[PDB]
Amino acid sequence: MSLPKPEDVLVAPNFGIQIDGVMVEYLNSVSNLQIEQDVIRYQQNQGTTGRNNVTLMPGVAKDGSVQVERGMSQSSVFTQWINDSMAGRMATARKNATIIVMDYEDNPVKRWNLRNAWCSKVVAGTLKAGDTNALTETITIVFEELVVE
Amino acid sequence: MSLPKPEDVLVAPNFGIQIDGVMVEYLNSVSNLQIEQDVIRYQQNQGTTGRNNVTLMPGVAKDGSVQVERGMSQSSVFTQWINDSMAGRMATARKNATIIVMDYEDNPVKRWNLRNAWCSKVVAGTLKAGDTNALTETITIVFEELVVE
Amino acid sequence: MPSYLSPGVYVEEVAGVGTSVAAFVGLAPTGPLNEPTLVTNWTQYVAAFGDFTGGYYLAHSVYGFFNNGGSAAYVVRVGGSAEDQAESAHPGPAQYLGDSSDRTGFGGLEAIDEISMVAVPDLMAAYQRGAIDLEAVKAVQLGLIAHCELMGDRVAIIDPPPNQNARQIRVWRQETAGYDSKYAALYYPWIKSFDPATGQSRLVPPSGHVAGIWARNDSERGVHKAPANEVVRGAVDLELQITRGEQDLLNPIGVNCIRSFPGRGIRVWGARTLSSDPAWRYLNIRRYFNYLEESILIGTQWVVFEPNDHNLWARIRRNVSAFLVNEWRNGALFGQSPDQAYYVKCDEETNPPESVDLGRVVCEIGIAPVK
Amino acid sequence: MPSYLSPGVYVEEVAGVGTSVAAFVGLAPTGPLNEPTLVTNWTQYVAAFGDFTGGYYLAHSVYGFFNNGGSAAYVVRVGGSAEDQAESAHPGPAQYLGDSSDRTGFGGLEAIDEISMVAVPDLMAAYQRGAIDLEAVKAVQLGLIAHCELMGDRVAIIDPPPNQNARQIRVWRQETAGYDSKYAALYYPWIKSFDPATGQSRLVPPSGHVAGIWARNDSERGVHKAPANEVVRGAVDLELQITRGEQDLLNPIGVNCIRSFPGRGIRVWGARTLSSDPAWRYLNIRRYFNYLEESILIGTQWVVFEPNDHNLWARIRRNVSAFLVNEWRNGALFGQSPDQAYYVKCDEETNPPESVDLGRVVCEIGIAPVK
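Protein chains in written order, with PDB author numbering: chain l, 1 to 149; chain g, 1 to 149; chain M, 1 to 15, 28 to 96, 232 to 518; chain G, 1 to 15, 28 to 96, 232 to 518.
Just so you know, these hints were derived from the structure itself, not from any lab. Treat the hints with caution; some may be incorrect.
Unchecked claim - Cut-off 35 Å, straight-line C-alpha distance, at most; resulting in silico cross-link-like pairs (DSBU-like, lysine-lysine):
#	chain 1	residue 1	chain 2	residue 2
1	g	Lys-121	G	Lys-372
2	g	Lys-121	g	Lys-62
3	M	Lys-518	g	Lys-62
4	g	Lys-62	g	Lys-110
5	l	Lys-5	G	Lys-518
6	G	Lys-372	l	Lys-5
7	l	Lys-62	l	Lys-110
8	M	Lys-518	g	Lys-110
9	g	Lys-121	l	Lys-5
10	M	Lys-492	M	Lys-372
11	l	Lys-5	G	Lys-492
12	M	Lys-492	g	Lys-5
13	l	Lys-5	g	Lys-128
14	g	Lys-110	l	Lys-5
15	g	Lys-62	M	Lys-492
16	M	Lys-372	g	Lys-62
17	G	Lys-372	l	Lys-110
18	M	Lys-518	M	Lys-372
19	g	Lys-5	g	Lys-110
20	G	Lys-372	g	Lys-110
21	l	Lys-121	l	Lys-62
22	l	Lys-121	g	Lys-121
23	l	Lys-5	l	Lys-110
24	l	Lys-5	l	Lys-62
25	l	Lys-121	g	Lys-128
26	l	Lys-110	g	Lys-121
27	g	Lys-62	g	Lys-5
28	g	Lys-121	l	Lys-62
29	G	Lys-339	G	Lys-372
30	G	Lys-285	G	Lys-372
31	G	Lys-339	G	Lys-285
32	G	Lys-372	G	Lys-492
33	l	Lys-110	l	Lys-121
34	M	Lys-285	M	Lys-339
35	M	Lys-492	g	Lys-110
Make the full structure from the sequences, and use the hints.
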């Protein structure tokens, strides 16, 4: 990043996690939303129009981020995470999504996911004879209460 | 623009802003709307049809314009703008969207966005290994109370 | 034709508390030195003065406005007191500079900003005790006014002598102490009040309380209309009840009146300035324009930045238009549309091609006057 | 015309960190040996120098690069604190080279590259204690300026005398110690700050943080922009507010001021060179040129010229233009196209047939001025 001209590229998205999500394919659905509000009023006892107040500022939204593990293997890392929550333990954890530069030693952007994050879904891919380009991917859905840069 | 035949081209859209949105990819969802009204009546005690009055003129609509920054970099310009609003300060600002001619010194069209404009969203792109043509774009959503040419 | 392109238009000399702020210059006992001019409320004033016990008018004028509207004032100690020459006009409550020590008197002006009104509670009082009569007092009033005129945004409030006939004020104002300028106001009558340190009565000037009249008006409704019907909340009575012939006598000469009404109380009634210029006869207009100037100047930080860039002209028009239209949509302008009520222009013809540092030229129509 | 040919012209004797690195001359509580000028961050600085226990100005001016924009800076120790002579104009804040020993002083920095600014925080530390005659001072400031002029790519930070009015600075500037040079600048008012080792206040010269601003400014925009409106972060207050009637006298003679602004805080406002030459009046212009020179000279660094040949001229012309066109593409230069924005020439008319030893003559045009 010697010039203002480059932008971060999909070089090496990776994750800080205590659960061994060691190798991944991709990360998606990541966003930051502040909810707005809208009120319309009539003006102060005179011949002018009403006003629109859109400078009102309600709280911050929460969501979840899709995580795709390349595929099934013999190591049931995500399966146990979901089992602990189904069993009733508040088995949540902090996570860190990292964006990395062309020269990988440079790691400028990180997003902190709240300690209350947890897994609600595990989804299997389709298994069909002869598909060839279908390679048993797994989709993990994690709820993120709060995301901070 | 020596002739009536040319039209403005996508030569150099740029922006007046105190927040350092120095380099951009694009601007979209820009429109000007006056709301209409529709009433139907029966005619004045005679054998003629009713009338439709569509010359009624309610107030002017407000909206937001999508802004795309080429991509993530180490300079967190937009992130802080959204942080100030989430924190509760009415951190709004005036903006100017400029349309430029083939010979760039000629800058004939400008749109003024009200001082109450603010950022409600920051959205990340998808990060997937090997995508290549996916280059970590960021989408910024700004609410514009009033737009004037 | 007041300034708009710059606070300084020949030389680039150019490189909170609230608006209801006034400064009072006068004497006090056991008070902080004149150098540390303080911005205070009443509790603080007393800590810096005492409970009216020195017998000076600052306590009454500060207590007067403080009990009306307003948030703060600048206290000028100037000088001290005797047990039970500080009173002389030059050595303290007058045109003091101190080789820009700006420690005493009117020397604190220019050095100190965020003041809209100034007054001198005690000088119009040393006329007897120290025999400070004739020009000795006129000289101080001329100074207070001159400083306001030099700054460009300040209004001086001054007093007439304490005991006189309506004919006498007319002569005093027309023959011995006329001022003729855009920076000052005077009300004819003196007010009956009291001083709890000694007793239930005391003669005081139409000063201090008046600061609190504009402060309430401007902070609760705005500077759109003059506070010409407001109640002098702390008045007990008036020295003289002005009659119709007296009101007719003062009106055309620019003297404002305070009068008592039968179930309406003691109110300020006149609304004119001490000036012969028709354009600036009313207080409401003079205040309106100073208000706009404070907002426009604080709003522009673009003092030293590419003095040749034209894109700045566009940025200027943008900010100015947004501010004034917002005022149009409220009660500021007499018209049906900004097109017939407000004007701004900033272009190459207003900022000549030489590109002198004296750029930032913006032509404006306030409501009709050109600025 | 600044060199457009070489690091040295008559003899080819010659056969990064960025603009934020600067150097400071003064005394340490403790410190390392004084000769090996070291460059570092606050974190290591304090470990070697000491926690303000010596009562020296370096202890505070160092923050200019740590409580404001910065990275690291070079420190010349001179000597350390007495337990529980250096105040002379000869040692320390002096050209104290030691006969080619690079001893503590302007001379000790001659062998060190990558320094954009030089300050001397302890010159006036003993102004009163050491009886530092205006001469002892003037001689040092002249030595500092000369150092900077000789190195050619760094500038001097000049301190005003400790405590005097506006009149008295107009005096030394015009009558007793003007310096008139494109390599130096001075700010006037002294800044109040605190000292955590013992209490709430100390007075410091308008340096340190003032220089911290240059580092901040360069990160925000191009060096071509002037820090003509910037916050002196870490400042508490100023000794004096300098009014427009004073700005009118000081800016025309090159004295920069810092003011407390009503709603903006303590900011640097003046931006002039302490020079009589109209070409170099603006600080950001002088800096733009030093900026371009450092980068272009490092870039085209070839050693021992082989054969004077057009093929080298072609390589050079192509590289200089490739470098400069970005200043045009970006907002740093004026003009509708590169054609007007800049000029590069290197051919047989800059490098004539005599071809004696070094050739490599490249003529360049910035905006109006030519190198």
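Comparing the hints with the structure gives:
1. For the proposed pair g:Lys-121 and G:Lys-372, the alpha carbon gap of about 32 Å is at most 35 Å, so the pair holds.
2. For the hint linking g:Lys-121 to g:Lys-62, the alpha-carbon distance of about 17 Å falls within 35 Å, and the restraint holds.
3. Using a Cα cut-off of 35 Å, the hinted pair M:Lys-518 and g:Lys-62 holds, with the two alpha carbons roughly 33 Å apart.
4. The hinted pair formed by g:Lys-62 and g:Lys-110 meets the criterion: a straight-line CA distance of about 18 Å does not exceed 35 Å.
5. A C-alpha spacing of about 29 Å is found between l:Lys-5 and G:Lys-518, which places the hinted pair at or below 35 Å, so the restraint holds.
6. Restraint check: the Cα-Cα separation between G:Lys-372 and l:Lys-5 comes to about 21 Å, which is no more than 35 Å; the hinted pair holds.
7. With a C-alpha separation of about 18 Å, the suggested pairing of l:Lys-62 with l:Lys-110 holds against the 35 Å cut-off.
8. With a C-alpha separation of about 26 Å, the suggested pairing of M:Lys-518 with g:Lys-110 holds against the 35 Å cut-off.
9. This hinted pair checks out: g:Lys-121 and l:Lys-5 have alpha carbons roughly 24 Å apart, not beyond 35 Å.
10. Annotation: proposed proximity of M:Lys-492 to M:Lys-372 holds, straight-line Cα distance about 28 Å (limit 35 Å).
11. Simply put, l:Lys-5 and G:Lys-492 have alpha-carbon atoms about 28 Å apart, close enough for the 35 Å limit, and the pair holds.
12. A distance of roughly 31 Å separates the Cα atoms of M:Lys-492 and g:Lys-5; the hinted pair therefore holds under the 35 Å criterion.
13. Distance restraint check for l:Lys-5 and g:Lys-128: the Cα-Cα separation of roughly 22 Å lies within the 35 Å cut-off, and the hinted pair is therefore satisfied.
14. Our distance criterion of 35 Å between C-alpha atoms is met by g:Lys-110 and l:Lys-5, whose separation comes to about 26 Å.
15. At most 35 Å may separate the alpha-carbon atoms for a hinted pair to count; g:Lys-62 and M:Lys-492 meet this at roughly 27 Å.
16. With a C-alpha separation of about 33 Å, the suggested pair M:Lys-372 and g:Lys-62 falls inside the 35 Å cut-off, and the hint holds.
17. As the CA atoms of G:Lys-372 and l:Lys-110 are separated by approximately 32 Å, the hinted pair is consistent with the 35 Å bound.
18. Of the pairs offered as hints, the one joining M:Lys-518 and M:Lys-372 holds, with about 21 Å between alpha carbons and a cut-off of 35 Å not exceeded.
19. Among the hinted pairs, g:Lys-5 with g:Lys-110 is consistent with the structure: their alpha-carbon atoms are about 21 Å apart, no more than 35 Å.
20. For the proposed pair G:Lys-372 and g:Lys-110, the alpha carbon gap of about 26 Å is at most 35 Å, so the pair holds.
21. For the given pair, l:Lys-121 sits about 17 Å from l:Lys-62 by alpha-carbon distance, which is consistent with the 35 Å threshold.
22. A distance of roughly 26 Å separates the Cα atoms of l:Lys-121 and g:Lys-121; the hinted pair therefore holds under the 35 Å criterion.
23. Proposed proximity of l:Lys-5 and l:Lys-110 is supported: the alpha carbons are some 21 Å apart, at most 35 Å.
24. Under the criterion of a C-alpha separation no larger than 35 Å, the hint pairing l:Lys-5 with l:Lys-62 is consistent with the structure, at around 33 Å.
25. Proposed proximity of l:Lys-121 and g:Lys-128 is supported: the alpha carbons are some 20 Å apart, at most 35 Å.
26. Between l:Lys-110 and g:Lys-121, the direct Cα distance comes to roughly 18 Å. Compliance with the 35 Å bound is thereby established for this hinted pair.
27. A threshold of 35 Å between alpha carbons decides the hint, and for g:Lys-62 with g:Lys-5 the separation of about 33 Å falls inside it, so the pair holds.
28. With a CA separation close to 12 Å, the supplied pair g:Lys-121 and l:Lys-62 stays within the 35 Å bound.
29. For the hint pairing G:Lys-339 with G:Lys-372, the CA-to-CA distance comes to about 27 Å; that is within 35 Å, so the pair holds.
30. Taken as a hint, the G:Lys-285 and G:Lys-372 pair is honoured in the structure, with Cα atoms around 31 Å apart against an allowance of 35 Å.
31. Between G:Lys-339 and G:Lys-285, the direct Cα distance comes to roughly 25 Å. Compliance with the 35 Å bound is thereby established for this hinted pair.
32. Annotation: proposed proximity of G:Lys-372 to G:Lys-492 holds, straight-line Cα distance about 27 Å (limit 35 Å).
33. The hinted pair formed by l:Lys-110 and l:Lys-121 meets the criterion: a straight-line CA distance of about 24 Å does not exceed 35 Å.
34. Distance hint between M:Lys-285 and M:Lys-339 is fulfilled; the C-alpha atoms sit about 24 Å from each other, no more than 35 Å.
35. Of the supplied pair hints, the one linking M:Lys-492 and g:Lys-110 holds, its CA atoms being roughly 16 Å apart against a limit of 35 Å.
When the structure is compared with the earlier hints, no violation turns up for any of them.
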